[PDB]
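Number of protein chains: 2
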Amino acid sequence: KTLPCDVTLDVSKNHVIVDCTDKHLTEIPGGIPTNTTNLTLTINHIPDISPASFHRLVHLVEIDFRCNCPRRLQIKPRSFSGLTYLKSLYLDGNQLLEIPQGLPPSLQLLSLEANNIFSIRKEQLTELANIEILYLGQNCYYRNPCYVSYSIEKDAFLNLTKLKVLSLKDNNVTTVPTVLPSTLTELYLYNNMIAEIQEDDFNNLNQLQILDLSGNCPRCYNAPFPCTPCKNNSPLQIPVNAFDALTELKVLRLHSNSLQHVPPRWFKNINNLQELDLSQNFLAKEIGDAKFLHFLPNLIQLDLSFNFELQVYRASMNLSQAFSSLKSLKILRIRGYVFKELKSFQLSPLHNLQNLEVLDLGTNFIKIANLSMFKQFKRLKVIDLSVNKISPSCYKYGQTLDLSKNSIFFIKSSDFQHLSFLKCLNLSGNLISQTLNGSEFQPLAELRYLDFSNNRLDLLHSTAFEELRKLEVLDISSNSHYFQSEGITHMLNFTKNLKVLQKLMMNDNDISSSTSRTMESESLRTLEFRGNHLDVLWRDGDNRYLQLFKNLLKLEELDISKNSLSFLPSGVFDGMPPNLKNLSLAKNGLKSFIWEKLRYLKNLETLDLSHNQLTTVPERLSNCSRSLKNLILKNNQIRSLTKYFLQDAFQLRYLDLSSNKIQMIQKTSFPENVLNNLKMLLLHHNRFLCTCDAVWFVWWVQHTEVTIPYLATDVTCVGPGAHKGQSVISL
Amino acid sequence: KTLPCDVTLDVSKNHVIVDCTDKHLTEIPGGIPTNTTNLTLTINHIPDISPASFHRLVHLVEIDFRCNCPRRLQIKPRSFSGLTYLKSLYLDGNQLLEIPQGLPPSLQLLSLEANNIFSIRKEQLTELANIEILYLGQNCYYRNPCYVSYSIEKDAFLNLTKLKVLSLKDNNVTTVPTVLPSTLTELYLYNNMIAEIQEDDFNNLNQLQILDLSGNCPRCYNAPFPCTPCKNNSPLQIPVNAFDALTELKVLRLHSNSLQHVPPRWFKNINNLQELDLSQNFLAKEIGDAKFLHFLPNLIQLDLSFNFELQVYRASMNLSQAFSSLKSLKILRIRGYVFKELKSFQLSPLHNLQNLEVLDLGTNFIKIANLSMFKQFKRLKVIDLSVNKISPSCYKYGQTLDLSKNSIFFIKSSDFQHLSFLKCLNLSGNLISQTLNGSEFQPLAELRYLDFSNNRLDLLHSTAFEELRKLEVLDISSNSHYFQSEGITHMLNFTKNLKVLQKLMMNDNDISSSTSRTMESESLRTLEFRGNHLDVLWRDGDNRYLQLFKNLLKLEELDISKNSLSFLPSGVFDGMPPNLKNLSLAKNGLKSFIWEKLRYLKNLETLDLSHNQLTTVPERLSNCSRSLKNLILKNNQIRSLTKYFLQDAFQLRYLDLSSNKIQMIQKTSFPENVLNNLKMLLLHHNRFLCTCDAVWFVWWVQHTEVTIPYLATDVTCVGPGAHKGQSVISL
Ligand SMILES: *[C@@H]1O[C@H](CO)[C@@H](O[C@@H]2O[C@H](CO)[C@@H](O)[C@H](O)[C@H]2NC(C)=O)[C@H](O)[C@H]1NC(C)=O
Ligand SMILES: *[C@@H]1O[C@H](CO)[C@@H](O[C@@H]2O[C@H](CO)[C@@H](O)[C@H](O)[C@H]2NC(C)=O)[C@H](O)[C@H]1NC(C)=O
Ligand SMILES: *[C@@H]1O[C@H](CO)[C@@H](O[C@@H]2O[C@H](CO)[C@@H](O)[C@H](O)[C@H]2NC(C)=O)[C@H](O)[C@H]1NC(C)=O
Ligand SMILES: *[C@@H]1O[C@H](CO)[C@@H](O[C@@H]2O[C@H](CO)[C@@H](O)[C@H](O)[C@H]2NC(C)=O)[C@H](O)[C@H]1NC(C)=O
Ligand SMILES: *[C@@H]1O[C@H](CO)[C@@H](O[C@@H]2O[C@H](CO)[C@@H](O)[C@H](O)[C@H]2NC(C)=O)[C@H](O)[C@H]1NC(C)=O
Ligand SMILES: *[C@@H]1O[C@H](CO)[C@@H](O[C@@H]2O[C@H](CO)[C@@H](O)[C@H](O)[C@H]2NC(C)=O)[C@H](O)[C@H]1NC(C)=O
Ligand SMILES: C[C@@H]1CN(c2ccc(C#N)c3ncccc23)C[C@H](C(=O)N[C@H]2CNC[C@H]2F)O1
Ligand SMILES: C[C@@H]1CN(c2ccc(C#N)c3ncccc23)C[C@H](C(=O)N[C@H]2CNC[C@H]2F)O1
Ligand SMILES: *[C@@H]1O[C@H](CO)[C@@H](O)[C@H](O)[C@H]1NC(C)=O
Ligand SMILES: *[C@@H]1O[C@H](CO)[C@@H](O)[C@H](O)[C@H]1NC(C)=O
Ligand SMILES: *[C@@H]1O[C@H](CO)[C@@H](O)[C@H](O)[C@H]1NC(C)=O
Ligand SMILES: *[C@@H]1O[C@H](CO)[C@@H](O)[C@H](O)[C@H]1NC(C)=O
Ligand SMILES: *[C@@H]1O[C@H](CO)[C@@H](O)[C@H](O)[C@H]1NC(C)=O
Ligand SMILES: *[C@@H]1O[C@H](CO)[C@@H](O)[C@H](O)[C@H]1NC(C)=O
Ligand SMILES: *[C@@H]1O[C@H](CO)[C@@H](O)[C@H](O)[C@H]1NC(C)=O
Ligand SMILES: *[C@@H]1O[C@H](CO)[C@@H](O)[C@H](O)[C@H]1NC(C)=O
Ligand SMILES: *[C@@H]1O[C@H](CO)[C@@H](O)[C@H](O)[C@H]1NC(C)=O
Ligand SMILES: *[C@@H]1O[C@H](CO)[C@@H](O)[C@H](O)[C@H]1NC(C)=O
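Sequence lines, in order, name chains A and B. So the first sequence is residues 32 to 100, 113 to 435, 490 to 828, counted in the entry's author numbering. So the second sequence is residues 32 to 100, 113 to 435, 490 to 828, counted in the entry's author numbering.
Hint data in this document are derived by calculation from the structure and do not stem from the laboratory. Be aware that a few hints might be false.
[Said to hold, decoys possible] Straight line, CA to CA, 35 Å or less: simulated DSBU-like cross-link-like pairs of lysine-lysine:
{"#": "1", "chain 1": "A", "residue 1": "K165", "chain 2": "A", "residue 2": "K119"}
{"#": "2", "chain 1": "A", "residue 1": "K758", "chain 2": "B", "residue 2": "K758"}
{"#": "3", "chain 1": "B", "residue 1": "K502", "chain 2": "A", "residue 2": "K509"}
{"#": "4", "chain 1": "A", "residue 1": "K520", "chain 2": "A", "residue 2": "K493"}
{"#": "5", "chain 1": "A", "residue 1": "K600", "chain 2": "A", "residue 2": "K373"}
{"#": "6", "chain 1": "A", "residue 1": "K328", "chain 2": "B", "residue 2": "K758"}
[Stated by the list, open to error] Okay, the calculated beta carbon distance ranges per label pair:
{"#": "7", "chain 1": "B", "residue 1": "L140", "chain 2": "A", "residue 2": "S530", "range": "38 to 46 Å"}
{"#": "8", "chain 1": "B", "residue 1": "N640", "chain 2": "A", "residue 2": "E196", "range": "40 to 48 Å"}
{"#": "9", "chain 1": "A", "residue 1": "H394", "chain 2": "B", "residue 2": "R636", "range": "54 to 62 Å"}
{"#": "10", "chain 1": "B", "residue 1": "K596", "chain 2": "A", "residue 2": "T271", "range": "46 to 54 Å"}
{"#": "11", "chain 1": "B", "residue 1": "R636", "chain 2": "A", "residue 2": "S391", "range": "55 to 63 Å"}
{"#": "12", "chain 1": "B", "residue 1": "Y751", "chain 2": "A", "residue 2": "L56", "range": "56 to 64 Å"}
{"#": "13", "chain 1": "B", "residue 1": "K596", "chain 2": "A", "residue 2": "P113", "range": "50 to 58 Å"}
{"#": "14", "chain 1": "B", "residue 1": "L786", "chain 2": "A", "residue 2": "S530", "range": "54 to 62 Å"}
[What the hints assert, rightly or not] Reference listing, derived: stretches of chain B covered by chain A, where coverage requires no fewer than 3 residues with Cβ under 8 Å from a Cβ of chain A:
{"#": "15", "segment": "260 to 271"}
{"#": "16", "segment": "320 to 330"}
{"#": "17", "segment": "501 to 510"}
Where is the CB? At the ideal position from N, CA and C, for every residue including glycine.
I would like the entire structure built from these sequences, with the hints used as guidance.
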């Protein structure tokens with residue numbers, strides 16, 4: 032089948048999926064199966080649509096036709124009336140001026156985003172009486188302007204009795220389109236120019252659950268996007284008796300509305316509100332009072348970020364006592380509340396929130412913060428202490498103290514006292530210049546993850562991190578400052594004292610010398626050593642560091658890549674861990690990789706040599722390794738394989754030679770006896786010349802079921818002559 | 032003259048200087064003038080020396096032979124005895140094991156640095172009875188080891204009655220070389236392994252002026268170099284009665300000696316001490332006491348940097364009251380004294396030093412610092428407030498407040514109050530995100546320079562920097578954050594209100610759009626606009642921003658380079674300042690730079706088109722411009738000049754076509770009537786093919802006096818065949 036689009040079959044789901052994503056077709060291809068259900072026609076060069084485009088396809092329930100656009116796109120009349128079983132259609136980014144007509148009554152979803160439709164009338168919506176979801180957003184804003192306000196005729200959406208989802212974002216709307224259908228459940232009116240809300244705007248939405256009114260009359264100070272604030276810097280005028288009929292409301296986003304007060308009368312009728320967004324407002328004084336929090340006992344999320352007032356640097360964080368009424372609160376982000384010093388009793392209202400897990404306090408420029416005050420927030424899961432200026490992922494491991502990008506330049510044992518419950522500690526970006534001695538992280542008895550990346554660490558002692566008995570993952574990446582120095586001791590055998598260490602990231606360290614001859618660990622299984630200098634360590638005639646990873650008995654993941662290795666000295670594979678399982682040598686510069694030495698690795702399965710400068714493939718992979726399964730030779734320089742490349746290599750299950758200079762592949766090197774089990778195989782972006790010398794290649798590539806991606810677009814033919822750019826399956 | 036080395040003549044001085052710096056010679060060339068005075072033989076591949084090397088050269092006064100080394116250098120006996128008028132000699136970095144013998148008595152200077160001389164005896168210094176300066180440093184240290192202690196026989200240097208300067212730095216010295224000659228004036232004994240000083244070491248040095256004992260018993264914590272601290276972390280043991288005979292001592296450097304106390308008895312006899320270095324020590328407690336400062340009334344410089352105690356973060360700087368006894372103090376470095384808060388009265392001892400000019404307080408991690416306290420240090424010249432974490490060149494303009502790389506994230510008018518005397522304000526690296534309004538820098542009435550580079554500026558108002566009435570130079574470079582945003586207003590006409598602005602740096606801003614059509618200034622003379630995007634501003638069919646620089650009437654130097662300009666639209670030269678004098682378009686990417694429009698610039702003199710992708714030179718430079726004199730077409734892609742390039746063009750004074758693909762140059766395009774006035778001309782690293790078609794080129798290049806640098810090494814010949822790599826003067 033010469034279809035250039037992927038096909039997926041789910042007989043239980045009776046769905047046949049044909050997707051042509053980013054394939055640059057100029058017309059709908061012929062031969063599309065009649066039993067397809069999901070059709071994708073995203074970014075492409077399709078000129079227009081016609082009734083013959085979907086002539087014989089009656090079992091279609093989905094058409095994805097997003098962002099296809113010399114001029115705009117035109118749709119013929121009765122272009123979709125023959126799609127009786129149609130249920131969803133995307134027409135986003137097509138520069139359509141008006142809603143297409145003739146759509147089947149069975150249509151359930153319709154997306155018209157990023158178009159030029161700025162006028163909505165009842166007559167054009169008469170055919171959408173059974174629609175469920177309508178996406179009419181992004182029709183008039185700074186990225187795609189229309190220079191006029193959105194026009195809604197009276198009761199345009201009223202007769203859409205089945206409508207539940209309606210998004211009118213980024214549409215230059217001035218007033219709420221009354222009257223909306225009573226069956227609405229999600230209303231997205233955010234990022235518009237609606238300046239006032241009427242009391243008769245939401246009388247009939249009794250089933251509404253999500254209401255987004257974000258960006259109307261926005262806070263435009265230092266805004267990286269074109270936004271027009273309201274007149275006289277007024278907030279979005281919402282009456283007190285506006286959210287009356289909203290009884291099933293669960294999400295209410297009021298982000299960036301320049302709000303100064305939040306009346307408690309707004310939350311009088313919405314009993315089951317779960318998420319409330321109030322970011323980018325002027326509620327810094329309201330946070331001190333926060334009377335409206337007493338009407339939200341079921342609130343789950345509360346975003347109050349970036350509510351600071353300009354030219355004011357507060358001495359303290361003024362949280363109200365009404366924050367204790369948030370019984371069900373879990374996530375509380377109060378970023379952008381810039382203030383000087385964080386004290387112990389400023390978080391007193393949150394001391395009894397049993398369901399509180401995340402406490403975000405980043406981007407506040409906090410200077411003084413006693414970390415011992417967090418011994419009361421042990422039940423929490425994330426304690427965010429981000430880019431603020433405090434001076435002396491991990492979420493799966495337990496309690497997390499994210500101290501990244503602070504002003505900590507040295508570590509004291511007393512600073513981390515009363516923090517034994519910590520399971521992770523993120524110290525990334527602090528630029529700590531310290532020679533570790535094994536006593537800094539003493540109170541961190543239960544620490545399991547320690548992030549020390551983007552710092553200045555000095556491995557002068559092998560007793561570094563010795564007191565982290567329960568540490569499992571250690572990240573000391575991007576500490577290249579002291580490792581770049583030559584002649585000072587670099588004790589790389591500091592991992593011997595770590596009894597339960599499992600993973601070690603120490604990459605991008607520019608390590609070129611080591612006093613310690615070997616690295617020792619009886620529990621390490623993953624070690625990333627990329628972006629370093631093993632060429633000097635494995636220099637010609639230098640056998641000192643050949644067995645650098647031999648003593649890592651349990652090591653199963655070695656990531657020595659980007660290490661400027663022009664060649665591997667003969668003998669390094671003898672000094673490799675016995676239990677090495679997956680290996681990576683990507684982006685190294687490897688000129689010649691010897692293959693018969695791979696027999697010493699009797700457990701390797703995923704040798705990775707992507708983005709290398711190799712030239713020759715092994716003579717016989719079976720004689721090389723008896724367990725290698727997942728070869729990755731992407732972006733290599735290979736011109737032709739061996740006559741018996743995959744002979745007797747039954748254990749292979751993955752192969753990758755994409756982006757090479759290969760010319761021809763014959764049968765005797767690729768027997769089907771092996772190819773029947775290959776789960777994956779890549780041979781695209783290479784230099785196949787499609788002459789008559791590859792009759793078997795032509796026959797096999799278009800008649801086997803071996804998975805080869807991009808078999809009709811990216812894997813082309815270089816010759817001869819008129820056969821330039823030919824598809825390997827079109828031969 | 033085919034000498035590949037430059038020649039300089041000073042008849043009044045009677046020096047003829049020949050220099051072969053970095054010219055890779057294998058042997059001293061023949062034909063060297065007999066009347067030469069200075070000979071330079073720096074880094075090269077010279078195998079050895081012979082008496083015939085300087086056979087007939089009797090008027091030689093200077094020979095330079097630094098860092099020329113299959114094996115080391117070999118010097119034959121009597122290799123310098125024939126140099127009667129020899130006066131100075133350099134043999135640095137030649138791997139010599141012993142001092143060469145046979146040197147003339149008339150030698151005044153002898154440098155033997157970076158060699159392998161680790162043993163000094165009286166017999167080999169017997170010939171140096173008239174030496175004045177001796178540089179025996181860098182003989183045994185971590186970059187060039189010798190694995191043994193530096194050994195000197197007793198009274199080896201004693202009989203050198205004329206010795207004045209002796210540098211034994213980085214030589215693995217253990218004990219001072221008693222007894223030194225009594226006429227010593229400069230002793231550089233720093234960076235050694237001397238742990239003890241005896242009271243009988245400096246008895247005869249009563250004309251000594253500089254004593255360097257830095258790096259002995261060093262402080263090796265966070266040391267980026269291999270340094271060995273002494274036993275028990277002891278300081279350099281100096282007796283109290285050690286600096287007794289030293290009476291004319293002017294400079295005493297004790298940097299990195301791990302000193303804990305500085306007894307006042309040391310400074311009892313040195314009355315005229317001017318510079319005192321005490322950096323990288325443990326004198327944090329001594330600074331609080333500092334009793335020794337009462338014995339230095341003539342001290343000019345006092346370096347007390349990096350005296351912090353480990354794991355100690357002080358709350359304040361404890362400066363002693365004895366700092367007021369430094370009557371003549373001008374220079375003061377107190378960096379590395381890391382502490383929390385800088386208060387007003389902490390600098391009270393410095394309030395009465397009339398000669399104090401600079402006060403450096405960086406690398407201290409100061410958090411709270413009221414900038415209004417510096418209204419007392421008006422007589423100062425530089426107030427360094429660098430990488431410290433304070434939160435809310491210049492030296493030729495007057496008072497400087499260097500607030501670079503601080504923790505200031507917004508600017509208040511009250512913060513800079515009482516700082517009207519400021520002539521500079523360096524706010525670079527603070528990453529201030531602010532929309533300037535014209536009231537932030539209000540108290541800065543007399544500000545003449547403002548560095549605001551590496552920040553986040555938002556040109557939303559044209560009134561930015563309006564209150565800086567006396568501002569002359571403005572630096573807003575590397576503010577690409579908000580300028581990268583598309584659609585927001587960028588008022589580039591903010592310079593109209595600056596009446597006396599003279600220079601403007603606004604580079605690396607990635608500016609792609611501008612609401613303002615033109616830039617206005619009646620006094621701007623220099624404008625640097627590199628690292629921006631003028632290709633989109635001058636996009637095809639976009640005539641909005643063609644006259645962006647017309648209204649800069651007084652502009653005389655424009656720096657629109659690295660701006661991704663593939664081509665200049667026809668008409669931009671019609672939109673240029675009338676008084677434009679210097680112009681730069683380097684590293685842009687000009688595919689075709691027209692020259693006939695250059696007539697519109699009747700004042701241009703330094704059209705700079707280096708590192709571009711031009712192809713064709715103008716037909717006639719005389720018809721192009723009548724005042725151009727400084728072409729720079731370096732690193733261009735030019736293959737041949739036209740037939741009448743410099744025809745009738747007399748006003749040019751500089752020409753640069755280095756690193757091109759030019760092949761042949763004829764006479765009619767380069768008439769000597771023009772070349773007699775060219776001060777400079779570069780034609781190296783090009784692709785001349787030296788066939789028989791260039792007879793005039795061959796004759797002229799080796800018989801004219803037009804200045805052409807690297808005429809024998811870099812400007813080579815591509816052909817034909819055996820003439821590959823031939824020198825243009827060797828033809
Ligand atoms: C193929 O089209 C069908 C019909 O539009 C898609 O089925 C919908 O999937 C979403 C996501 O789970 C559900 O919310 C809808 O209720 C489904 N509708 C129906 C009628 O089943 C299906 O997801 C599409 N397949 C692909 C790969 O896009
Ligand atoms: C949103 O609608 C307003 C109102 O029509 C548009 O404002 C017009 O903008 C054009 C182009 O700048 C002007 O010529 C008109 O005079 C404006 N009219 C008014 C009443 O102000 C605005 O441009 C629209 N926004 C977008 C992104 O198209
Ligand atoms: C420690 O903090 C840094 C800084 O936020 C985290 O780095 C970010 O990680 C997320 C998730 O992987 C990325 O999406 C961001 O791009 C990262 N930002 C930077 C600047 O690196 C880091 O992931 C944190 N450590 C852990 C273990 O999660
Ligand atoms: C050429 O050599 C002479 C002789 O060594 C140099 O003259 C010396 O210059 C220094 C620096 O000014 C003085 O301190 C010495 O007193 C001078 N000595 C004599 C004997 O004149 C001269 O500087 C050298 N010139 C160059 C360009 O290297
Ligand atoms: C400075 O001198 C000391 C003393 O001789 C040298 O120390 C020797 O170093 C070598 C090589 O490491 C050892 O084999 C010797 O045993 C050391 N001797 C002693 C007495 O400790 C030191 O190497 C020298 N420094 C340099 C840079 O050469
Ligand atoms: C403002 O402070 C910055 C930061 O120190 C100065 O930038 C340094 O300038 C010196 C002198 O030109 C250079 O040698 C350094 O390499 C620069 N460092 C950096 C990080 O840029 C800047 O020069 C100061 N402003 C003025 C006018 O001197
Ligand atoms: C959250 C605050 C808002 N800011 C401010 C700008 C102007 C002010 C005035 N007048 C102001 N006044 C008080 C408090 C904050 C102010 C800028 C500041 C900042 O430095 N932002 C960086 C940090 N790294 C990310 C980037 F967003 O962040
Ligand atoms: C000057 C101080 C010395 N430092 C320190 C290291 C270890 C300590 C322990 N125990 C310590 N204890 C107290 C005070 C400072 C300490 C590191 C600190 C620093 O962050 N250095 C960066 C800043 N940007 C340049 C680069 F040098 O600078
Ligand atoms: C019907 O569905 C099957 C699914 O396997 C598909 O192969 C076929 O092309 C479809 N159309 C037919 C049978 O006309
Ligand atoms: C905190 O806010 C409340 C009400 O907003 C106010 O009464 C109180 O004075 C504030 N306290 C501080 C320290 O800002
Ligand atoms: C931090 O809190 C702990 C426990 O309350 C206390 O012992 C310690 O002194 C505090 N540190 C500071 C600097 O206040
Ligand atoms: C690391 O090696 C050094 C010798 O180089 C040794 O003194 C030290 O005990 C070793 N430490 C560990 C943890 O293996
Ligand atoms: C090899 O890499 C894969 C990434 O695709 C990883 O999931 C696996 O754990 C690694 N080790 C193996 C396959 O032994
Ligand atoms: C003498 O000095 C002159 C200086 O102009 C120089 O040209 C000449 O080569 C020297 N040697 C002679 C004249 O032998
Ligand atoms: C300052 O130093 C002196 C002597 O070094 C000491 O007596 C005094 O207590 C110190 N004061 C402070 C605040 O450190
Ligand atoms: C800074 O000093 C000035 C003048 O002494 C004073 O008016 C101002 O209040 C001080 N600011 C702070 C924060 O102490
Ligand atoms: C800059 O131009 C704007 C119009 O774009 C104008 O309103 C403003 O007054 C101008 N300011 C100056 C200083 O020229
Ligand atoms: C142009 O720039 C050069 C830099 O080499 C400078 O010397 C000259 O004074 C400037 N002005 C001119 C040539 O008018």
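Now for the hints, and whether the structure bears them out:
1. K165(A) <-> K119(A): holds, 21 Å
2. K758(A) <-> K758(B): Roughly 32 Å between the alpha carbons, so the hint for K758(A) and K758(B) holds.
3. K502(B) <-> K509(A): Distance ~25 Å between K502(B) and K509(A) Cα, so the pair holds.
4. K520(A) <-> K493(A): holds, 9 Å
5. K600(A) <-> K373(A): The given pair, whose Cα atoms are some 31 Å apart, holds under the 35 Å limit.
6. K328(A) <-> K758(B): It is violated: about 69 Å lies between the C-alpha atoms, which goes past 35 Å.
7. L140(B) <-> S530(A): 38 to 46 Å: The hint (38 to 46 Å, Cβ to Cβ) holds, given that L140(B) and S530(A) are roughly 40 Å apart.
8. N640(B) <-> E196(A): 40 to 48 Å: Taking Cβ atoms as reference, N640(B) and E196(A) lie about 41 Å apart, which means the hint holds.
9. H394(A) <-> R636(B): 54 to 62 Å: holds, 59 Å
10. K596(B) <-> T271(A): 46 to 54 Å: violated, 33 Å
11. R636(B) <-> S391(A): 55 to 63 Å: The hint (55 to 63 Å, Cβ to Cβ) holds, given that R636(B) and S391(A) are roughly 59 Å apart.
12. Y751(B) <-> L56(A): 56 to 64 Å: holds, 58 Å
13. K596(B) <-> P113(A): 50 to 58 Å: Because 52 Å falls inside the window, the suggested range holds.
14. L786(B) <-> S530(A): 54 to 62 Å: At 57 Å between Cβs, range holds.
15. 260 to 271: holds (count 6)
16. 320 to 330: It is violated: at least three residues are needed, and the segment 320 to 330 of chain B offers just 0 whose Cβ sits closer than 8 Å to chain A.
17. 501 to 510: holds (count 4)
When held up to the earlier numbered hints, the structure conflicts with 6, 10 and 16 and fits the remainder.
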